[PDB]
Amino acid sequence: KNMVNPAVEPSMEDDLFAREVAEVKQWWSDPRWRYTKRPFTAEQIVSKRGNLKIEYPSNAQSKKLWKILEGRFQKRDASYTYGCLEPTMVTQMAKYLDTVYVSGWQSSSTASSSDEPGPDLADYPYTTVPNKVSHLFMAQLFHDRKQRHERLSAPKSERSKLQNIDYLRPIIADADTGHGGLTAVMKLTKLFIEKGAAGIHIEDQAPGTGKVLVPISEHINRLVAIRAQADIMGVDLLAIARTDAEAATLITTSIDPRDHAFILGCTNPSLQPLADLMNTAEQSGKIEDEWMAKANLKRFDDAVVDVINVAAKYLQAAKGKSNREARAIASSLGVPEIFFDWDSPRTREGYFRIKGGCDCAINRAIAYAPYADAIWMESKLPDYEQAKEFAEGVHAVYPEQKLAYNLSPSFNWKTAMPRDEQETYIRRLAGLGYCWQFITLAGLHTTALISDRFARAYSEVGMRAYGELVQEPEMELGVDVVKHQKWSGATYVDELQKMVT
Amino acid sequence: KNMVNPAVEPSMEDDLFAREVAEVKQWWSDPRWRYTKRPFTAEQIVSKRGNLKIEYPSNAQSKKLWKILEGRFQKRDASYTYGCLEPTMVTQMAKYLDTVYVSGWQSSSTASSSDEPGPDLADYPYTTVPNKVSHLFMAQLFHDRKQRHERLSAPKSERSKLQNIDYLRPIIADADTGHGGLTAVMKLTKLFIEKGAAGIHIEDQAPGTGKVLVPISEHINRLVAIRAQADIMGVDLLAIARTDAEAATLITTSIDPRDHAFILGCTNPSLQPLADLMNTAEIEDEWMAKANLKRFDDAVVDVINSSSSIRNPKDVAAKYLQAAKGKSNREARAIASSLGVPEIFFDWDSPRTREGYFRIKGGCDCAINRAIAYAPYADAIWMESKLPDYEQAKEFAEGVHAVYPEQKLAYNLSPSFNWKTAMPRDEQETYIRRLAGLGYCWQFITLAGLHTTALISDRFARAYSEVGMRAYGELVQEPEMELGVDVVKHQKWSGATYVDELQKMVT
Amino acid sequence: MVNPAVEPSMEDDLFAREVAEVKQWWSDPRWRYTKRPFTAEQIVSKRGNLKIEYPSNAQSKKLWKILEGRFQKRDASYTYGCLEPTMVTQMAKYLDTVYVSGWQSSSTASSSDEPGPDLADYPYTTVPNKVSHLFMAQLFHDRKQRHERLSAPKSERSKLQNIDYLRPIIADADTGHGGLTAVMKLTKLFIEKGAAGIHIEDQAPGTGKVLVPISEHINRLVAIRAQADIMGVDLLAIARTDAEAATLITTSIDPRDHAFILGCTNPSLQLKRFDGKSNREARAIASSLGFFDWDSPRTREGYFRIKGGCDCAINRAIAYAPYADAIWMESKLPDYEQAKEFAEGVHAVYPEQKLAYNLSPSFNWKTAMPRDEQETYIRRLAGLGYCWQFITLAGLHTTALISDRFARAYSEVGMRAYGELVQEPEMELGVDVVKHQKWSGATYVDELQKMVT
Amino acid sequence: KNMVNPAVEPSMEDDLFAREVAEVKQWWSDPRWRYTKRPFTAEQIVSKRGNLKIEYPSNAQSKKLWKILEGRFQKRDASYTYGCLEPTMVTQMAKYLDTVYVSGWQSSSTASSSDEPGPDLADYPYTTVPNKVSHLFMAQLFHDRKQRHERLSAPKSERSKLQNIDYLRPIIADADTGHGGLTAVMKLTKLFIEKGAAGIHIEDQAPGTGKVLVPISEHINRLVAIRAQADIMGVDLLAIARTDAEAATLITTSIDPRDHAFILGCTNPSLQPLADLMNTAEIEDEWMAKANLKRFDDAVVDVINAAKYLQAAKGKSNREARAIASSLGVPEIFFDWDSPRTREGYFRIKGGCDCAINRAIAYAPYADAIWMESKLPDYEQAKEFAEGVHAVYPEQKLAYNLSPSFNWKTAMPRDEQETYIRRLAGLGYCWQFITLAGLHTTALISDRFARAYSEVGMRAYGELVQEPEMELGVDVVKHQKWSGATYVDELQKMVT
Ligand SMILES: [Mg+2]
Ligand SMILES: [Mg+2]
Ligand SMILES: [Mg+2]
Ligand SMILES: [Mg+2]
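Residue numbers (the numbering used here), protein chains in the order written: chain F, 1 to 501; chain W, 1001 to 1507; chain L, 2001 to 2453; chain S, 3001 to 3496.
Wrong hints could be hidden among the right ones.
Some, not all, of what chain S presents toward chain W, calculated at C-beta under 8 Å [as the list claims (entries may be wrong)]:
1) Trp-3105
2) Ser-3114
3) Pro-3125
4) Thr-3127
5) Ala-3184
6) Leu-3191
7) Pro-3207
8) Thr-3209
9) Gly-3210
10) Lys-3211
11) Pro-3215
12) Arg-3258
13) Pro-3269
14) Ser-3270
Below, computed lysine-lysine pairings styled on DSBU-like, alpha-carbon distance capped at 35 Å [unchecked claim]:
15) W:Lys-1290 to S:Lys-3314
16) L:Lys-2051 to W:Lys-1067
17) F:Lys-414 to S:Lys-3001
18) W:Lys-1290 to W:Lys-1319
19) L:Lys-2438 to W:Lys-1504
20) S:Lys-3375 to F:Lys-1
21) L:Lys-2154 to W:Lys-1504
22) F:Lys-319 to S:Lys-3493
23) S:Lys-3001 to L:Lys-2438
24) L:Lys-2438 to S:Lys-3211
25) S:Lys-3001 to W:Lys-1327
26) S:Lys-3383 to S:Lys-3314
27) W:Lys-1025 to L:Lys-2332
28) L:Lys-2332 to F:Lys-211
29) W:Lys-1190 to S:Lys-3375
30) L:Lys-2209 to L:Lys-2332
31) S:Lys-3001 to F:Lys-486
32) S:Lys-3037 to F:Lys-156
33) S:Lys-3493 to F:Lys-63
34) F:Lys-380 to W:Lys-1025
35) S:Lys-3161 to F:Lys-53
No wet-lab data here; the hints were simulated from the structure. C-beta: ideal position from N, C-alpha, C; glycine also.
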């Protein structure tokens, strides 16, 4: 029994736990957390920790990101970036952009852990996006080492002629829906932190599925689970809440009364259930359209008003209320019993119909804000006014809440906006409190564009194409990579080699 | 015990082996192998096989590539491609180029299996390059399914308005020096075949090391291990042999008589070994000068022209050269001695480095001797060059073709070259066709993928940092739309419709 | 250098040839119990222009041939969850199938190396990667042994081992790890890594076990088959139902679940089943002949209350059968008569449906049974039609036993423990691993190198 | 231009450098480094570093390991363990053993990163063994967490009925050769540190290749390359030097003077170079006999036929040793090293005890622990090996591989088996390990149980597995709790 020992002596267990809860409570008092709500205590967090404290460089980048985005919000400016594929691209973005985005969409088509690509359905294995974050972070880390060495090796007077690129640009990545239940969310979060992420975003859709939402309660839990995992690991990982309620058409359950005001119901008492009808149509293929119309689906508020045609007094009192207390309000104002069934128009998967929109999205963001360092509302157009509506809507309740914007390529920016305004779109939005903006898929498109250009030219005229469209433009622009050996770290590793010999 | 069974019943083992050995024999009679030397039997091969025979899509692509390269060589045309970084890129390449190249260099800086990058030393883990091959090949396969579906879902009258891309462009990949001994070479070759490589290339350098060479014997075994493993897995993998002898300055050992003509020696009988001196000094370029290093033949001829007499110096010299061409040092020594040439002082041990490497004077003639040595064990050959010299490229081809006239060649359109300062634009354009006439039937820009991606990224982010969203519309989205880039309607391109018709089929 | 991949003039004829081939395939005996809700034409539409053949298919064919002859004789193949290659080379001598456990994987083989209880929150690359691990090892030791046997003279061969290492593998696909697209991606991985058959549960991912409706778990079972078709393989699909012990269900939308959904019966407040008909059809039946509420006792998550048990599980197994090559119902205890009721309930509609059984280690086999009945338990269940049986966690438990046993003894008496507790018994049993170089393939690779030089 | 900035302002670069180089020199003075030669300067090391400082759990386990082995050696005791395979095993070992070993041999047969198995030639991808380290180490961190939670979730008055296992047992693993050049070594060392390793060992073999040695200078370089990598990430990683000299017959080159005493030469002036011969013919064993190969010092004695020679010639560079003879009036000795070279180019060598000791001594200043690969449980040889290195460096930790292949039932009486580890620990062998123990234990139960289960079914699971597991108090028999079910449902409840 020479090698048997306890792992923490029982005479110190209680006394170390105290010492640690005092450190966590004192950590939680830092202004980093002044907008953050934790429905758990330091005691429950520390009692899940083990005896070996791990420190992550993720944390340092979270902090770096937090400093950046606050000066961004306080000055009503914006950091903006785009969706990076791979280390060559990240080394060039670092010269001009202070954040890095890692897209799940680009990852679905370029970076799945199983190599099986496809559309953006978050059906890649969930190591995918974190593994891409590491791919970039380890390349950032490396080029930092390479450059530092080149600088410090030369005389101070001479360093003015050398490049001084900030490669350590903090990374924000897509956690999708969280890839499962709340045990998966914490595990996913754990990978993002182990792999270098400075912040992640998570969205209120259902996984495995118009878009289908989860109840607000389910998404809050997610946001808490992320925070619960960063606490425990001791890190300042930004968490970002995305709502897909603007164009969502379905919801999994009707159990959260915050969601009631938007759930659509059939107002036709003669109609049987849709699912009953669709199944018991046993003989047929490729009728749902008419059950829909003949059911005259409405929000309950609209259904109440339409019966009335008191209305105004109804809307004022009913705002935010469950279905039961909205019926009750109405019939207390002399309104007949309205027929409102929201089971009947359920899909054959069991899902509920919803009418989303900008109002449903403000509701969800405000619900999510105590648990989210930043928010965004996916939208169908790059319309500045809708953006101001949403932002004033959220800032009515929480005027310090940071916001984030997706400058999407799913938009046709020629037929959506004049050139003079494309130029001003980030600056204006920043004025509303969108301190972080990003183009999800630029990496994909830039790459597809020059590969199409060059492979064509190269096919037609050969090595003329490499000189004219690649190697000579590189020179004139001063792109470091044209001197590829020096860029790859050949001089850095040569000095390592000699230091050892 | 009614779950206990043999594997094959002992009464059928000898028979199954005879059938297989027959199949391998018939297979090796295919014209594919008409230039192929196999220093092993079919029985030896089959004895290494198991009871479950596996079939690889790699094989399909190797067969597809072989037929392509055969057509090019005979017409003296060329297939040319470049080093592909990623699936997005590979989907664009597939439109215009019939092959794909996967680079060790690009992989070292963008694709190590450990995510740790660095200069091209082949010190990434050896899963690195095959994993990139699976990366591209699995995307090629997907985009094939997507497009076959969209096409077949439309009626014949409407299919000509639809893209019809060959996404299955065969992949050629870097295997470096094989990453260790012959067993790793076999293990490496096995990963490549499992992940979809049509062909692989391997260099005559020494791993872990002014390039250092391995002896000809050692590199020939690499090339044989490859073939011995493709045989076994029953596939038709192309094995490309690359020699770095044109620029190399060093070699691991002096044991191969085919390298004895290029190995350098000291001709100064007074000097102490360079290693003994360097150790005792705890210069070096100083010892070298006083060492007066030379290939043995030149050392022998310089003795002939310094030795009155020897009354017939030009006739002794000439005769020695013709007789010693391709001979060991020992055999060369005897011949000169048989000719009345005084004993020559020649020490090739004394200039060894502190690592124990021998010096060597490479260059084109050494590269030629190496390629001729590798040729029967290689489906294609190349010689690394220091600049795009057409003439040296022609001297190298003619040297190989003097002995093996039908030996396919490969050329590296290196971006380590300065193409503005090597060649006018009009001659830039003809270069690949010129090289194709000499039988360089496969050509490739190794790092084009890295540089194209670097260039769009440096100029799009700069603009983006400058004029925001106008940059994206100016530089990216509008040009995509004008050029008709399929990726620009990116949901369709990713297969949004293919997967939708997949889940509707199931529900 | 620009070519089209399939000329337009050959597209239709090639599509035609291929649809005819799939139909001639589906007319094979292997598919005589199998319901496909889609056509060959649809399936080919989802294929590309390069056919890939998989070793998986040979193993699926081997497994079918195995279980057919076992079911026809009311016999049984039985195995256990294998952890790891050393173990699989030892199993291969006495057991003809191999099981790969999600439970064992969650605790020892997750792709992220982060362990935890069996909640299927590991990356879905986890279990198919464990199939490859064992399979790649199987194919090796097969090549090693074939060389040794064929290197020797037939006279001396009977004195050599002759193990079937290619023992067909069955693996846990849990719930599918997502919606149907993920199921097909997951199914695609197993077929590529070498699975002979996979199994999949009617639980809900992310979650008193909670159920999915019958229709959702049929789709899982069709997505699987549809991915095997397309890839051209004969993957065996095992449907598992956790109904005997389930208490919740995600939605009420399916009419086949109505017969078991528990409703409230105190009008005062804000539990019993109603009684194969729907509820609207059930009420209409009762008032064609002369109060029931299930939205109230919903959980805070929106789940419906339900009453499981053999009745609920016979309902579900009969729904899945046309879509499944084998059925099993996970039980709380190893109860013969319960196993007789289940088999009888299913065979009363599908006499021919193969069955599977979990000889659970979650059980207490000393308490629940005597040693004589222990020896016959498998044999008896085989009479019922359970043709494939397995101990999920035997691998985990054997490894933990000998490890605790040996690490302890080795800590007390050094190398005496290694000689006494390991080496000496290894030789008395004639364990091939004791000659470790040879076992590892040292002679195989040696001859490989010698053949190259 | 609102997003561009330099990463370190030029005005702070010189100051930050100076302060970090200050931290390294302070760090290098710790007692931990008192035996350690560093052929490079703090300035050279920090010049390779980046701007972002990274802390590794490896470091903590390095420091735990060192503190364990320091005590073992002063006390002339030993830590022992064996080659662990997988997390189920490591949670069981943790109860009774204080270190964990990760084997290349086991990993080649059970854990390659490509899933392609094979005999120990270190020809798997070099991600293989660091990946196994992580496999085990992430398992240790979880069970540590799970058990801390169980214990803290219980009143103090009740904890003594609960387990208290040290799952954070420091891991030592196999770096083989380094898997190539020195850049490969640093990259491989870099992985081990990122993945959890407390220590690693590396060998003087040539990769890709009787055994073939590298020259002494080359392996020293490997060691320095490990330590430099560790000194960049700022970790106390243990570096173990293994020599394979005692059974080695080949070496790659003769360029290193310290190897000269063991390289065999030809003593026959009548013979042509072996390779010259073998080639013309395309007989070796005949040549090897007729060449009469001896190490230089023996061919010199035979010529004399002396004591003053062997006294002066020890560890000298042949060109020196030859002149040593020339000074003592000794005729021209005919020795040729290059003749007996193999067809691959390798030199012949005669290893054995005196070679391993010579190499061990040359490695020690770069090695936190030394060991000589042994094929045989000979106590007397362990003594001679130890006493030799201890003549020069008496405080060198040593390590020892306990043979799994040898027949222990006959090698030694039972009682001497019981004492073997203790007897070696008295020589300085403070860390000891059976490499393949994990493989054999798994192979023993699997054969044993699979047969019984094929024969008597479920009876065999109760009789040979479930009942003994209960009677022994194996925490795994309650598998749900052991997996950490209670730890995770408490996690979830904390959230919701
Ligand atoms: Mg996404
Ligand atoms: Mg390379
Ligand atoms: Mg499971
Ligand atoms: Mg090893």
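Hint check: is the beta carbon of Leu-3191 of chain S less than 8 Å from a beta carbon of chain W? With a closest approach of 6 Å, the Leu-3191 of chain S hint holds.
Take the C-alpha atoms of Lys-319 of chain F and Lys-3493 of chain S, compute the straight-line distance between them, and say whether it is at most 35 Å. Holds: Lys-319 of chain F and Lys-3493 of chain S sit about 32 Å apart, inside 35 Å.
Against the 35 Å threshold, does the CA-CA distance of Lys-2051 of chain L and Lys-1067 of chain W hold or violate the hint? Roughly 19 Å separates the two Cα atoms, so the pair holds.
Below or equal to 35 Å on CA atoms is what counts here, so check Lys-3493 of chain S against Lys-63 of chain F. OK: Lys-3493 of chain S and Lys-63 of chain F at ~29 Å, within 35 Å.
Going by Cβ atoms only, is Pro-3269 of chain S closer than 8 Å to chain W? 15 Å, violated
For a C-alpha distance cap of 35 Å, please report whether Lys-3161 of chain S and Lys-53 of chain F respect it. 26 Å, holds
Holds or violated: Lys-2154 of chain L and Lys-1504 of chain W, Cα atoms, limit 35 Å. Given pair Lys-2154 of chain L, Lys-1504 of chain W is violated - Cα atoms ~58 Å apart, limit 35 Å.
Under the criterion that the straight-line Cα-Cα distance not exceed 35 Å, is the pair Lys-414 of chain F, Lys-3001 of chain S satisfied? 25 Å, holds
Does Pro-3125 of chain S pass the interface check with chain W, least Cβ-Cβ distance below 8 Å? 4 Å, holds
Restraint outcome when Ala-3184 of chain S is required to lie within 8 Å of chain W by C-beta distance: Because about 4 Å separates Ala-3184 of chain S from the closest Cβ in chain W, which is inside the 8 Å limit, the hint holds.
Using the nearest Cβ pair, does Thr-3127 of chain S come within less than 8 Å of chain W? Cβ of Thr-3127 of chain S sits 5 Å from chain W, so the hint holds.
Have a go at the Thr-3209 of chain S hint: is there a Cβ in chain W nearer than 8 Å to its own Cβ? For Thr-3209 of chain S, the interface hint holds, since the closest Cβ of chain W sits about 6 Å away, which is under 8 Å.
Violation of the numbered hints given earlier is confined to hints 1, 9, 10, 12, 13, 14, 19, 21, 23, 25, 27, 28 and 34; the remaining hints are satisfied by the structure.
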